[PDB]
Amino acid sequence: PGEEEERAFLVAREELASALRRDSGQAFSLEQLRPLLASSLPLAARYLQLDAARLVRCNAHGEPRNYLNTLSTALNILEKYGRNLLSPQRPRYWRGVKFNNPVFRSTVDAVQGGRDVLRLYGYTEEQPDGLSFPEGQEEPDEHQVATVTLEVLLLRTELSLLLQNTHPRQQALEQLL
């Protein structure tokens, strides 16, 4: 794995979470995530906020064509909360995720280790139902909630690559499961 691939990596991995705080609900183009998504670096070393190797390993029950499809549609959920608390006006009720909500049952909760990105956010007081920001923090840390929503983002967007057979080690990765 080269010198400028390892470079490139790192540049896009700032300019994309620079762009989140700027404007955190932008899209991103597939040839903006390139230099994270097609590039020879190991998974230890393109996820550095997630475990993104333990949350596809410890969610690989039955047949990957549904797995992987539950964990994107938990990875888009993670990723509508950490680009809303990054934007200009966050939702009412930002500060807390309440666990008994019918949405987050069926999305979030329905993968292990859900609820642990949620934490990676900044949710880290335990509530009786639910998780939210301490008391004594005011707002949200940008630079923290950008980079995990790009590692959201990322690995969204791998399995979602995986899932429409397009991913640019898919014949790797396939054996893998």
Second form
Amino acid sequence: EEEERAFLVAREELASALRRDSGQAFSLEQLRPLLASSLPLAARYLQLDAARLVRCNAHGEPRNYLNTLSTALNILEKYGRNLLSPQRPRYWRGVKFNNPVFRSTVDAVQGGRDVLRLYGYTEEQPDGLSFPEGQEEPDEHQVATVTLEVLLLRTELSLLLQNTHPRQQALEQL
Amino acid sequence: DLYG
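Show the same protein again, this time as the form deposited with the partner chain bound rather than the form solved without the partner chain.
Full assembly next; the chain just shown is listed first.
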């Protein structure tokens, strides 16, 4: 409970840092307290369904599926950061399933789309996902916290690929 | 681009 609190505090500091500067890059040294924790995934990923993201896409050699996952995660990170930009992109309100970059990266994994819903892309058109007309701007806290979790998971997978994750054997539990 |  105490370790869990320290984690949440660390999570909030990083999410706030993303709200001030959406282009802010985090070093592995910065992410260390979020990486070194022995807390379960459910207590560390509050918005992202990390276990389902990993487990439902673990098909074949890790060296391939972890790489595919990273690729989806890196693009999902860019979607989040763009929503935090002091100047939001024109057409931030919707993402098309048939976007070349979206199809080849995010739609390559199971649950890729659900992550856009966490950002606020809750409305479903057969062409893609949109914000509701009633939402005029993105909830910045929700967005920052999802973006951070997306970046954290990508960071975790990257160390697994390199075999340098602090809890590497305990994470191959799956 | 991500929104096309």
